[PDB]
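Next up: just one chain, as C-alpha coordinates, the form deposited in one PDB entry.
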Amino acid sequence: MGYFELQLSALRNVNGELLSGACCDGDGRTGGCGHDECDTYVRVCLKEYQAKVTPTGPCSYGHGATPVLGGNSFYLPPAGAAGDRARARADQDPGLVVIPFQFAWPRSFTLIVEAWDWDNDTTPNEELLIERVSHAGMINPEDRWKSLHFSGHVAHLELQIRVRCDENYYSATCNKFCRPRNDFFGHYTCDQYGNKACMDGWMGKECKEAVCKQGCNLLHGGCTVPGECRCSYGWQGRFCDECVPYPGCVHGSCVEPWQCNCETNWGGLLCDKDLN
(Lines of atoms letter the chains of each structure in order from A and count residues from 1; the text may use other names and numbers.)
(Lines give C-alpha, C1' and ligand atoms only; values in the text may rest on other atoms or scores of the structure.)
Protein backbone atom coordinates (compact mmCIF):
# COMPACT_ATOMS: atom_id res chain seq x y z
CA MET A 1 0.00 0.00 0.00
CA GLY A 2 1.20 3.48 -0.91
CA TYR A 3 0.41 6.86 -2.43
CA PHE A 4 1.12 8.74 -5.66
CA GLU A 5 1.54 12.49 -5.14
CA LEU A 6 1.56 15.27 -7.74
CA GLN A 7 2.20 18.96 -7.04
CA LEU A 8 1.31 21.64 -9.61
CA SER A 9 3.23 24.91 -9.22
CA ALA A 10 3.08 26.74 -12.56
CA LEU A 11 0.79 27.10 -15.57
CA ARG A 12 1.11 29.70 -18.36
CA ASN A 13 -1.59 30.39 -20.98
CA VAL A 14 -0.91 33.83 -22.46
CA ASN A 15 -3.76 33.95 -24.97
CA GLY A 16 -6.32 32.42 -22.61
CA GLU A 17 -7.75 29.99 -25.16
CA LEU A 18 -8.77 26.34 -25.26
CA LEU A 19 -7.15 23.54 -27.24
CA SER A 20 -9.80 24.08 -29.93
CA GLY A 21 -8.87 27.72 -30.51
CA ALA A 22 -11.76 29.58 -28.93
CA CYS A 23 -11.57 31.71 -25.81
CA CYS A 24 -12.35 30.00 -22.50
CA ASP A 25 -15.31 32.17 -21.46
CA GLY A 26 -16.98 34.16 -24.21
CA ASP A 27 -18.24 33.88 -27.78
CA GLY A 28 -16.98 30.64 -29.33
CA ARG A 29 -14.66 32.15 -31.90
CA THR A 30 -11.62 30.45 -33.44
CA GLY A 31 -7.26 42.17 -29.12
CA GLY A 32 -6.96 39.34 -26.63
CA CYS A 33 -9.77 37.25 -25.13
CA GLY A 34 -11.09 39.76 -22.59
CA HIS A 35 -11.27 39.92 -18.81
CA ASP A 36 -13.29 36.77 -18.15
CA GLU A 37 -10.29 34.45 -17.91
CA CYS A 38 -10.04 30.67 -17.88
CA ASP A 39 -11.23 29.07 -14.63
CA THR A 40 -8.45 26.51 -14.60
CA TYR A 41 -8.39 23.19 -12.74
CA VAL A 42 -6.42 20.00 -13.28
CA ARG A 43 -7.29 16.32 -13.80
CA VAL A 44 -4.76 13.53 -13.21
CA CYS A 45 -4.80 10.09 -14.85
CA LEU A 46 -2.48 7.26 -13.82
CA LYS A 47 -2.26 4.00 -15.77
CA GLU A 48 0.06 1.28 -17.04
CA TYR A 49 3.23 1.92 -19.02
CA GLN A 50 2.94 2.40 -22.79
CA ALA A 51 5.83 2.35 -25.26
CA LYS A 52 3.70 4.65 -27.44
CA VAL A 53 1.54 6.73 -25.11
CA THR A 54 -2.10 7.14 -26.05
CA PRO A 55 -4.16 10.07 -24.67
CA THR A 56 -6.80 7.57 -23.55
CA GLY A 57 -8.37 6.00 -20.51
CA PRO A 58 -9.02 4.10 -18.45
CA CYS A 59 -6.88 5.29 -15.51
CA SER A 60 -5.92 1.81 -14.35
CA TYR A 61 -3.86 2.94 -11.34
CA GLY A 62 -6.05 5.82 -10.13
CA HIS A 63 -7.19 9.40 -10.68
CA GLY A 64 -7.68 12.74 -8.94
CA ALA A 65 -8.47 16.38 -9.58
CA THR A 66 -8.16 19.86 -8.07
CA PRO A 67 -10.59 22.78 -7.76
CA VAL A 68 -10.08 26.01 -9.69
CA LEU A 69 -6.49 27.06 -8.99
CA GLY A 70 -6.43 30.37 -10.85
CA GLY A 71 -6.93 32.23 -14.10
CA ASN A 72 -5.07 32.10 -17.41
CA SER A 73 -1.65 31.98 -15.73
CA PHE A 74 -0.59 31.53 -12.12
CA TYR A 75 2.20 30.36 -9.82
CA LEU A 76 1.88 28.06 -6.80
CA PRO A 77 4.28 26.83 -4.08
CA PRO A 78 6.57 24.12 -5.45
CA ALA A 79 7.31 20.88 -3.64
CA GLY A 80 10.46 19.82 -1.85
CA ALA A 81 11.97 19.01 1.51
CA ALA A 82 11.46 22.60 2.66
CA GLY A 83 7.81 22.46 1.59
CA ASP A 84 7.25 19.05 3.17
CA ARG A 85 7.90 20.46 6.64
CA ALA A 86 5.74 23.53 5.91
CA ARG A 87 2.80 21.18 5.28
CA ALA A 88 3.39 19.14 8.45
CA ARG A 89 2.43 22.30 10.38
CA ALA A 90 -0.95 22.61 8.64
CA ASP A 91 -6.96 23.40 5.16
CA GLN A 92 -4.60 21.58 2.76
CA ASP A 93 -2.94 22.71 -0.50
CA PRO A 94 -5.31 22.98 -3.49
CA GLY A 95 -2.63 22.14 -6.08
CA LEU A 96 -1.72 18.82 -4.41
CA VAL A 97 -3.21 15.57 -5.76
CA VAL A 98 -2.99 12.28 -3.83
CA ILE A 99 -3.79 8.93 -5.46
CA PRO A 100 -3.61 6.02 -2.98
CA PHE A 101 -3.12 2.45 -4.14
CA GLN A 102 -3.20 -1.03 -2.61
CA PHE A 103 -1.60 -3.13 -5.37
CA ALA A 104 2.13 -3.75 -5.77
CA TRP A 105 3.73 -0.66 -7.28
CA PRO A 106 5.00 -1.66 -10.76
CA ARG A 107 7.69 1.10 -10.84
CA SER A 108 6.73 1.84 -14.47
CA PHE A 109 3.71 4.02 -15.23
CA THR A 110 2.12 6.53 -17.59
CA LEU A 111 0.99 9.92 -16.26
CA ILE A 112 -1.57 12.07 -18.09
CA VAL A 113 -2.30 15.63 -16.90
CA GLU A 114 -5.19 17.73 -18.23
CA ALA A 115 -6.13 21.38 -17.74
CA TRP A 116 -9.83 22.27 -17.93
CA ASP A 117 -12.03 25.37 -17.88
CA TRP A 118 -14.77 25.41 -15.24
CA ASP A 119 -18.26 26.78 -15.93
CA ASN A 120 -20.01 25.59 -12.73
CA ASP A 121 -21.52 22.58 -14.49
CA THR A 122 -20.61 18.92 -13.87
CA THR A 123 -21.73 17.77 -17.35
CA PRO A 124 -18.79 16.29 -19.32
CA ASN A 125 -17.93 18.70 -22.15
CA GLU A 126 -14.80 17.79 -24.14
CA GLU A 127 -14.70 21.28 -25.69
CA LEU A 128 -13.57 22.82 -22.38
CA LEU A 129 -10.12 21.21 -22.64
CA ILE A 130 -7.26 23.70 -22.34
CA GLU A 131 -4.27 21.36 -22.56
CA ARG A 132 -3.36 17.69 -22.25
CA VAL A 133 0.18 16.46 -21.55
CA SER A 134 1.55 12.97 -20.98
CA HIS A 135 4.66 11.35 -19.55
CA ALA A 136 5.75 7.70 -19.62
CA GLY A 137 8.48 6.86 -17.18
CA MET A 138 9.79 5.09 -14.11
CA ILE A 139 9.96 5.96 -10.41
CA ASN A 140 10.78 4.32 -7.05
CA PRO A 141 9.27 5.01 -3.58
CA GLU A 142 11.17 7.84 -1.87
CA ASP A 143 10.41 11.14 -0.14
CA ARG A 144 12.25 13.18 -2.81
CA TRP A 145 10.16 15.04 -5.38
CA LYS A 146 11.01 14.83 -9.08
CA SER A 147 10.41 17.77 -11.41
CA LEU A 148 8.68 17.50 -14.80
CA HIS A 149 8.40 20.17 -17.50
CA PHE A 150 5.67 20.22 -20.16
CA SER A 151 5.08 22.56 -23.11
CA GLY A 152 2.04 21.58 -25.15
CA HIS A 153 0.26 23.37 -27.96
CA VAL A 154 -1.50 25.90 -25.67
CA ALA A 155 0.00 25.91 -22.17
CA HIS A 156 3.23 25.34 -20.26
CA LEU A 157 3.13 23.27 -17.06
CA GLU A 158 5.51 22.70 -14.16
CA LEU A 159 4.84 19.94 -11.64
CA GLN A 160 6.58 17.56 -9.23
CA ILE A 161 5.70 13.94 -8.42
CA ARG A 162 6.79 11.22 -5.98
CA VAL A 163 5.68 7.89 -4.51
CA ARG A 164 5.62 6.99 -0.81
CA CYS A 165 4.74 3.77 0.99
CA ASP A 166 2.16 3.62 3.75
CA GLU A 167 3.28 3.13 7.33
CA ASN A 168 4.61 -0.36 8.14
CA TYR A 169 5.14 -1.01 4.41
CA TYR A 170 8.54 -1.32 2.76
CA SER A 171 10.35 -2.56 -0.40
CA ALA A 172 10.34 -0.89 -3.83
CA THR A 173 6.79 -2.19 -4.43
CA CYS A 174 5.43 -0.98 -1.06
CA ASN A 175 3.99 -4.51 -0.75
CA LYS A 176 6.20 -5.88 2.06
CA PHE A 177 4.60 -5.54 5.50
CA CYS A 178 6.53 -5.14 8.76
CA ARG A 179 5.26 -3.60 12.01
CA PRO A 180 7.35 -3.26 15.19
CA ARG A 181 6.05 -5.02 18.29
CA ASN A 182 7.07 -6.09 21.81
CA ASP A 183 4.89 -8.91 23.16
CA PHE A 184 4.94 -12.70 23.29
CA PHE A 185 5.15 -12.84 19.48
CA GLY A 186 8.48 -11.00 19.25
CA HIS A 187 10.63 -8.00 20.20
CA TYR A 188 11.80 -6.40 16.94
CA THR A 189 11.91 -3.28 14.79
CA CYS A 190 11.80 -2.95 11.00
CA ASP A 191 14.59 -1.83 8.68
CA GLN A 192 14.37 -0.47 5.11
CA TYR A 193 13.56 -3.77 3.38
CA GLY A 194 10.86 -4.68 5.90
CA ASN A 195 13.19 -7.04 7.76
CA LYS A 196 12.94 -7.75 11.48
CA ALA A 197 15.66 -6.09 13.57
CA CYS A 198 15.72 -7.47 17.12
CA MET A 199 15.68 -4.93 19.93
CA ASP A 200 18.71 -4.60 22.21
CA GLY A 201 19.00 -7.68 24.42
CA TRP A 202 17.18 -10.24 22.26
CA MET A 203 17.99 -12.89 19.64
CA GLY A 204 16.29 -15.76 17.76
CA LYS A 205 14.22 -15.77 14.59
CA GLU A 206 11.21 -13.75 15.75
CA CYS A 207 13.37 -12.09 18.44
CA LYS A 208 11.67 -14.25 21.05
CA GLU A 209 14.76 -15.37 22.99
CA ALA A 210 16.49 -13.05 25.46
CA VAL A 211 20.16 -12.66 26.36
CA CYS A 212 20.75 -13.28 30.05
CA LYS A 213 23.05 -11.08 32.11
CA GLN A 214 26.68 -11.63 31.19
CA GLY A 215 28.10 -14.27 33.51
CA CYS A 216 24.84 -16.10 34.26
CA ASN A 217 25.39 -19.82 34.95
CA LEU A 218 22.99 -21.23 32.35
CA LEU A 219 23.05 -24.71 33.96
CA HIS A 220 21.48 -23.32 37.14
CA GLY A 221 19.43 -20.39 35.85
CA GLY A 222 17.99 -18.49 32.94
CA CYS A 223 16.17 -15.31 32.04
CA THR A 224 12.85 -14.11 30.65
CA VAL A 225 13.81 -10.41 30.60
CA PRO A 226 17.16 -9.46 29.01
CA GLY A 227 20.05 -8.84 31.38
CA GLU A 228 18.76 -10.84 34.35
CA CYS A 229 19.76 -14.18 35.87
CA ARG A 230 17.03 -16.00 37.81
CA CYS A 231 18.14 -19.26 39.41
CA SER A 232 16.50 -22.66 39.25
CA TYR A 233 15.41 -24.26 42.51
CA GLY A 234 18.46 -25.09 44.62
CA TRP A 235 20.78 -22.25 43.58
CA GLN A 236 21.36 -18.60 44.46
CA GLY A 237 23.67 -15.66 43.85
CA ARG A 238 24.19 -12.92 41.28
CA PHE A 239 25.30 -15.53 38.73
CA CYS A 240 23.36 -18.45 40.27
CA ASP A 241 26.64 -20.11 41.26
CA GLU A 242 26.02 -20.82 44.97
CA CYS A 243 24.16 -23.81 46.36
CA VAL A 244 21.16 -23.40 48.66
CA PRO A 245 21.54 -25.45 51.87
CA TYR A 246 18.91 -27.76 53.30
CA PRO A 247 15.79 -25.74 54.27
CA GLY A 248 16.36 -24.56 57.83
CA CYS A 249 20.15 -25.00 57.95
CA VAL A 250 21.71 -22.70 60.54
CA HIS A 251 25.34 -23.50 61.40
CA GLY A 252 26.00 -25.61 58.33
CA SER A 253 27.22 -25.24 54.77
CA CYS A 254 26.64 -26.76 51.33
CA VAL A 255 28.69 -27.40 48.23
CA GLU A 256 25.87 -29.19 46.42
CA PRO A 257 22.20 -28.19 46.85
CA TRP A 258 20.22 -29.26 49.93
CA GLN A 259 23.30 -30.19 51.96
CA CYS A 260 23.82 -29.04 55.54
CA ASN A 261 27.24 -30.05 56.89
CA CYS A 262 27.42 -28.98 60.53
CA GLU A 263 30.27 -26.94 61.95
CA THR A 264 32.15 -28.27 64.96
CA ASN A 265 30.18 -28.52 68.22
CA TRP A 266 26.85 -28.13 66.38
CA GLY A 267 24.47 -31.03 65.86
CA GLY A 268 21.07 -31.99 64.55
CA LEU A 269 19.60 -32.18 61.07
CA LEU A 270 19.65 -28.37 60.79
CA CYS A 271 22.94 -27.86 62.68
CA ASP A 272 21.03 -25.87 65.30
CA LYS A 273 21.94 -27.75 68.51
CA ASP A 274 24.58 -26.28 70.81
CA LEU A 275 26.72 -29.23 71.91
CA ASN A 276 28.84 -27.45 74.51
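Rigid core (definition): largest C-alpha set, two forms, superposition within 1.5 Å. Residue numbers count along the first chain shown, from 1. First, how it differs from the form deposited in another entry.
Remark: with the core as the superposition reference, the CA shift of residue 203 between these two forms reaches 2 Å or more. The two forms, fitted on the rigid core, differ between these two forms by 2 Å or more at the CA of residue 218.
Residue displacement note: residue 147 has its CA displaced by under 2 Å between these two forms (rigid core superposed).
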Given for the second form:
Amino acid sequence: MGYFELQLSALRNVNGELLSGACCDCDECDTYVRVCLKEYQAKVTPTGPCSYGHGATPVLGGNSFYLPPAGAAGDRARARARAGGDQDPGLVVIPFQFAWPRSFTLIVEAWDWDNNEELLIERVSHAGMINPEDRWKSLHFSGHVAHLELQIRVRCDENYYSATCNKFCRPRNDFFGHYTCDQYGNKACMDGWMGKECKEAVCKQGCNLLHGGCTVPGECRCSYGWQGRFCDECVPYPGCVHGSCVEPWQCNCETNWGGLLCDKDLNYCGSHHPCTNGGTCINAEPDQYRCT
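What's the form deposited in another entry like, now that we've got the form deposited in one PDB entry?
Shown next is a single chain and nothing more.
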Protein backbone atom coordinates (compact mmCIF):
# COMPACT_ATOMS: atom_id res chain seq x y z
CA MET A 1 0.00 0.00 0.00
CA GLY A 2 2.89 2.35 0.72
CA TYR A 3 6.52 2.66 1.70
CA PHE A 4 8.77 5.05 3.63
CA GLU A 5 11.94 6.13 1.84
CA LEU A 6 15.27 7.40 3.15
CA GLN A 7 18.02 8.72 0.87
CA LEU A 8 21.40 9.22 2.53
CA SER A 9 23.45 11.85 0.69
CA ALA A 10 26.32 12.71 3.05
CA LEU A 11 27.96 11.49 6.25
CA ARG A 12 30.96 13.18 7.87
CA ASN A 13 33.11 11.90 10.77
CA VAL A 14 36.37 13.85 10.47
CA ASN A 15 37.85 12.52 13.72
CA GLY A 16 36.97 8.90 12.91
CA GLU A 17 35.59 8.35 16.41
CA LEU A 18 32.81 6.28 17.93
CA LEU A 19 30.00 7.78 20.00
CA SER A 20 31.65 6.34 23.13
CA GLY A 21 34.61 8.67 22.54
CA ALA A 22 36.81 5.71 21.57
CA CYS A 23 38.51 5.18 18.21
CA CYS A 24 37.54 3.09 15.21
CA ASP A 25 41.20 2.00 15.39
CA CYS A 26 42.38 9.24 15.80
CA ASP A 27 42.73 3.76 10.45
CA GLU A 28 39.18 4.48 9.28
CA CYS A 29 35.73 3.27 10.22
CA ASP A 30 33.51 1.12 8.01
CA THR A 31 30.25 3.05 8.24
CA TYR A 32 26.77 1.65 7.64
CA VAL A 33 23.41 3.17 8.53
CA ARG A 34 20.45 1.68 10.38
CA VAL A 35 16.92 3.10 10.16
CA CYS A 36 14.24 2.55 12.82
CA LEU A 37 10.62 3.47 12.06
CA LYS A 38 8.32 3.26 15.08
CA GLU A 39 5.29 4.74 16.80
CA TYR A 40 5.20 8.45 17.52
CA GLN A 41 4.03 8.93 21.08
CA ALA A 42 3.59 11.66 23.68
CA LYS A 43 6.06 12.11 26.57
CA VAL A 44 6.93 8.38 26.56
CA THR A 45 9.57 9.00 23.86
CA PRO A 46 11.57 5.83 24.81
CA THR A 47 9.88 2.41 24.21
CA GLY A 48 11.80 -0.29 22.43
CA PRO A 49 11.32 -1.56 18.92
CA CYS A 50 10.77 -0.37 15.35
CA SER A 51 7.07 -1.17 15.10
CA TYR A 52 6.53 0.55 11.74
CA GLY A 53 9.55 -1.12 10.11
CA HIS A 54 13.32 -1.02 9.92
CA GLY A 55 16.13 -0.82 7.40
CA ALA A 56 19.88 -1.05 7.04
CA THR A 57 22.58 -0.24 4.50
CA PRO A 58 25.87 -2.05 3.85
CA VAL A 59 29.21 -0.36 4.45
CA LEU A 60 29.17 2.71 2.21
CA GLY A 61 32.70 4.01 2.80
CA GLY A 62 35.09 5.17 5.49
CA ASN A 63 34.97 8.08 7.91
CA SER A 64 33.34 10.58 5.53
CA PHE A 65 31.63 10.04 2.19
CA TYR A 66 29.16 11.76 -0.13
CA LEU A 67 26.50 9.97 -2.11
CA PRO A 68 25.30 11.00 -5.59
CA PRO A 69 21.73 12.10 -6.20
CA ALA A 70 19.39 9.65 -7.94
CA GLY A 71 16.79 10.37 -10.60
CA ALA A 72 13.32 11.91 -10.51
CA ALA A 73 12.19 8.84 -12.50
CA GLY A 74 12.42 5.13 -11.96
CA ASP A 75 11.59 6.06 -8.37
CA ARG A 76 8.91 3.36 -8.13
CA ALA A 77 10.64 0.42 -9.83
CA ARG A 78 13.99 1.10 -8.12
CA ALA A 79 12.49 0.62 -4.65
CA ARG A 80 9.71 -1.93 -5.23
CA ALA A 81 10.48 -4.10 -8.28
CA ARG A 82 14.01 -5.55 -8.28
CA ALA A 83 15.62 -8.91 -7.53
CA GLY A 84 18.21 -9.71 -4.86
CA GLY A 85 21.25 -7.49 -4.59
CA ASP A 86 19.37 -4.20 -4.95
CA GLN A 87 22.47 -2.39 -6.19
CA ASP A 88 21.56 0.97 -4.62
CA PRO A 89 22.76 1.31 -1.04
CA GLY A 90 21.91 4.47 0.85
CA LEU A 91 18.27 4.07 -0.24
CA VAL A 92 16.34 2.50 2.64
CA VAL A 93 12.85 1.24 1.75
CA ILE A 94 10.35 0.43 4.49
CA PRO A 95 7.05 -0.78 2.98
CA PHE A 96 3.82 -0.90 4.95
CA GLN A 97 0.43 -2.53 4.34
CA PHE A 98 -1.50 -0.57 6.98
CA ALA A 99 -3.11 2.86 7.14
CA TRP A 100 -0.28 5.38 7.30
CA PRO A 101 -0.65 7.14 10.69
CA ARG A 102 1.24 10.23 9.39
CA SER A 103 2.73 10.78 12.85
CA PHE A 104 5.93 8.80 13.31
CA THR A 105 9.30 8.67 15.06
CA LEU A 106 12.46 8.29 12.97
CA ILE A 107 15.68 7.01 14.57
CA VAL A 108 18.75 6.91 12.32
CA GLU A 109 22.03 5.38 13.51
CA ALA A 110 25.59 5.20 12.20
CA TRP A 111 27.53 2.02 12.97
CA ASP A 112 31.03 0.60 12.50
CA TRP A 113 31.42 -2.78 10.82
CA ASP A 114 34.16 -4.87 12.40
CA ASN A 115 33.76 -8.65 11.98
CA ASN A 116 28.25 -5.51 19.57
CA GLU A 117 26.85 -2.14 20.65
CA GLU A 118 30.03 -0.24 21.58
CA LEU A 119 30.62 0.50 17.87
CA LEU A 120 27.82 3.03 17.35
CA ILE A 121 29.13 6.11 15.56
CA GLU A 122 26.13 8.41 15.92
CA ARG A 123 22.48 8.06 16.92
CA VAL A 124 19.94 10.56 15.60
CA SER A 125 16.22 10.93 16.33
CA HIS A 126 13.35 13.00 14.92
CA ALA A 127 9.62 12.67 15.65
CA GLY A 128 7.12 14.43 13.44
CA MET A 129 4.30 14.15 10.94
CA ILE A 130 4.49 13.55 7.19
CA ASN A 131 1.94 12.80 4.49
CA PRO A 132 2.17 10.70 1.29
CA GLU A 133 3.69 13.55 -0.71
CA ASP A 134 5.73 12.90 -3.86
CA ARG A 135 8.24 15.52 -2.68
CA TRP A 136 11.43 14.81 -0.75
CA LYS A 137 12.18 16.42 2.61
CA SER A 138 15.67 17.28 3.81
CA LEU A 139 16.95 16.56 7.33
CA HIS A 140 20.40 17.65 8.52
CA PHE A 141 22.02 16.78 11.84
CA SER A 142 25.20 17.52 13.82
CA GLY A 143 25.82 15.10 16.67
CA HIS A 144 28.76 14.66 19.00
CA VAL A 145 30.68 12.68 16.35
CA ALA A 146 29.04 12.64 12.92
CA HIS A 147 27.10 14.97 10.63
CA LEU A 148 24.37 13.52 8.42
CA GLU A 149 22.19 14.82 5.59
CA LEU A 150 19.05 12.74 5.01
CA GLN A 151 16.12 12.90 2.60
CA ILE A 152 12.89 11.17 3.62
CA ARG A 153 9.55 10.74 1.87
CA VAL A 154 6.35 8.71 2.35
CA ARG A 155 4.76 7.28 -0.76
CA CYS A 156 1.56 5.43 -1.60
CA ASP A 157 2.05 2.32 -3.70
CA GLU A 158 0.89 2.32 -7.30
CA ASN A 159 -2.92 2.02 -7.54
CA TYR A 160 -3.19 3.30 -3.93
CA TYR A 161 -4.20 6.89 -3.17
CA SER A 162 -5.20 9.37 -0.43
CA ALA A 163 -3.11 10.55 2.53
CA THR A 164 -3.37 7.10 4.14
CA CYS A 165 -2.63 4.87 1.10
CA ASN A 166 -5.83 2.88 1.73
CA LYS A 167 -8.03 3.98 -1.18
CA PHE A 168 -7.51 1.50 -4.02
CA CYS A 169 -7.94 2.09 -7.76
CA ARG A 170 -6.35 0.02 -10.53
CA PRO A 171 -7.14 0.69 -14.21
CA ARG A 172 -9.20 -1.91 -16.02
CA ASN A 173 -10.65 -2.86 -19.40
CA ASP A 174 -12.40 -6.23 -19.35
CA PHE A 175 -15.47 -8.23 -18.34
CA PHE A 176 -16.15 -6.40 -15.07
CA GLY A 177 -15.46 -2.80 -16.11
CA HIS A 178 -13.89 -0.30 -18.52
CA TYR A 179 -12.19 2.61 -16.76
CA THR A 180 -9.00 4.31 -15.63
CA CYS A 181 -8.02 5.92 -12.33
CA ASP A 182 -7.42 9.59 -11.61
CA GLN A 183 -5.32 11.87 -9.43
CA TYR A 184 -7.47 11.20 -6.35
CA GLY A 185 -8.07 7.50 -7.03
CA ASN A 186 -11.56 7.71 -8.54
CA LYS A 187 -12.71 5.75 -11.58
CA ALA A 188 -12.76 7.52 -14.96
CA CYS A 189 -15.06 5.63 -17.33
CA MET A 190 -13.59 5.14 -20.78
CA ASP A 191 -15.54 6.71 -23.64
CA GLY A 192 -18.76 4.84 -24.33
CA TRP A 193 -19.14 3.65 -20.73
CA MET A 194 -20.90 4.98 -17.65
CA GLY A 195 -22.00 3.96 -14.18
CA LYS A 196 -20.66 3.56 -10.66
CA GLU A 197 -18.30 0.79 -11.85
CA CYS A 198 -17.97 2.03 -15.47
CA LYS A 199 -19.82 -1.19 -16.33
CA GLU A 200 -23.00 0.10 -18.00
CA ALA A 201 -22.60 1.10 -21.65
CA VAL A 202 -23.97 4.11 -23.54
CA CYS A 203 -26.45 2.94 -26.16
CA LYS A 204 -27.42 4.42 -29.52
CA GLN A 205 -28.41 8.07 -29.22
CA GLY A 206 -32.20 8.22 -29.22
CA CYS A 207 -32.65 4.67 -27.90
CA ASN A 208 -35.64 4.62 -25.54
CA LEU A 209 -33.84 3.03 -22.58
CA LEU A 210 -37.17 2.26 -20.90
CA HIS A 211 -37.66 -0.51 -23.48
CA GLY A 212 -34.23 -0.92 -25.10
CA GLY A 213 -30.70 -1.72 -24.04
CA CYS A 214 -27.21 -2.40 -25.31
CA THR A 215 -24.35 -4.77 -24.54
CA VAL A 216 -21.85 -2.87 -26.70
CA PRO A 217 -21.75 0.96 -26.80
CA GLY A 218 -23.74 2.38 -29.69
CA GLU A 219 -26.32 -0.42 -29.93
CA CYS A 220 -30.08 -0.35 -29.39
CA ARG A 221 -31.63 -3.80 -28.87
CA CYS A 222 -35.30 -3.76 -27.91
CA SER A 223 -37.02 -5.76 -25.18
CA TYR A 224 -39.92 -8.18 -25.65
CA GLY A 225 -42.82 -6.23 -27.14
CA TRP A 226 -41.00 -3.18 -28.53
CA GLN A 227 -39.53 -2.57 -31.96
CA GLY A 228 -37.81 0.03 -34.10
CA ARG A 229 -34.40 1.60 -34.48
CA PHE A 230 -34.91 3.28 -31.08
CA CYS A 231 -37.21 0.77 -29.29
CA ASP A 232 -39.96 3.36 -28.86
CA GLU A 233 -42.88 1.87 -30.85
CA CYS A 234 -44.83 -1.04 -29.40
CA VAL A 235 -45.51 -4.32 -31.19
CA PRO A 236 -49.31 -4.64 -31.53
CA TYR A 237 -51.30 -7.84 -31.27
CA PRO A 238 -50.43 -9.95 -34.34
CA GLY A 239 -53.43 -9.79 -36.65
CA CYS A 240 -54.45 -6.28 -35.61
CA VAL A 241 -55.93 -4.64 -38.70
CA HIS A 242 -58.00 -1.56 -37.78
CA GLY A 243 -56.25 -0.92 -34.49
CA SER A 244 -53.09 0.36 -32.82
CA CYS A 245 -50.97 -0.16 -29.72
CA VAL A 246 -49.56 2.03 -26.98
CA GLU A 247 -48.31 -0.86 -24.83
CA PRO A 248 -47.18 -4.18 -26.39
CA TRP A 249 -49.79 -6.71 -27.55
CA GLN A 250 -52.57 -4.10 -27.62
CA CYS A 251 -55.10 -3.84 -30.45
CA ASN A 252 -56.93 -0.63 -29.56
CA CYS A 253 -59.49 -0.45 -32.36
CA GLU A 254 -60.25 2.74 -34.29
CA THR A 255 -63.58 4.52 -34.77
CA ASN A 256 -66.63 2.24 -35.11
CA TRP A 257 -64.34 -0.82 -35.41
CA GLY A 258 -64.49 -3.72 -32.99
CA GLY A 259 -63.54 -7.30 -32.21
CA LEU A 260 -60.21 -8.68 -31.07
CA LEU A 261 -58.22 -7.92 -34.24
CA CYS A 262 -60.33 -4.83 -35.06
CA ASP A 263 -61.68 -6.49 -38.21
CA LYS A 264 -65.42 -6.17 -37.51
CA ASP A 265 -67.42 -3.27 -38.93
CA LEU A 266 -69.75 -1.80 -36.29
CA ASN A 267 -70.89 1.12 -38.47
CA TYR A 268 -71.54 -1.01 -41.55
CA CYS A 269 -74.11 1.41 -42.95
CA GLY A 270 -72.52 4.81 -42.49
CA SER A 271 -69.70 3.40 -44.65
CA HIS A 272 -69.87 0.89 -47.53
CA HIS A 273 -73.60 0.41 -46.94
CA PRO A 274 -76.33 -1.89 -48.35
CA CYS A 275 -79.55 0.17 -48.23
CA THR A 276 -82.03 0.35 -51.12
CA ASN A 277 -84.42 2.94 -52.59
CA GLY A 278 -83.16 5.69 -50.28
CA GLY A 279 -84.87 4.05 -47.31
CA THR A 280 -83.20 3.82 -43.91
CA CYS A 281 -80.44 1.56 -42.65
CA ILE A 282 -79.60 1.09 -38.98
CA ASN A 283 -76.45 -0.56 -37.62
CA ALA A 284 -77.17 -3.89 -35.91
CA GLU A 285 -74.34 -6.14 -34.64
CA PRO A 286 -70.88 -6.29 -36.27
CA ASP A 287 -71.04 -6.72 -40.06
CA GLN A 288 -74.86 -6.66 -39.97
CA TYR A 289 -77.68 -4.11 -40.11
CA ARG A 290 -81.33 -3.38 -40.90
CA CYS A 291 -82.31 -1.32 -43.97
CA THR A 292 -86.01 -0.41 -44.03
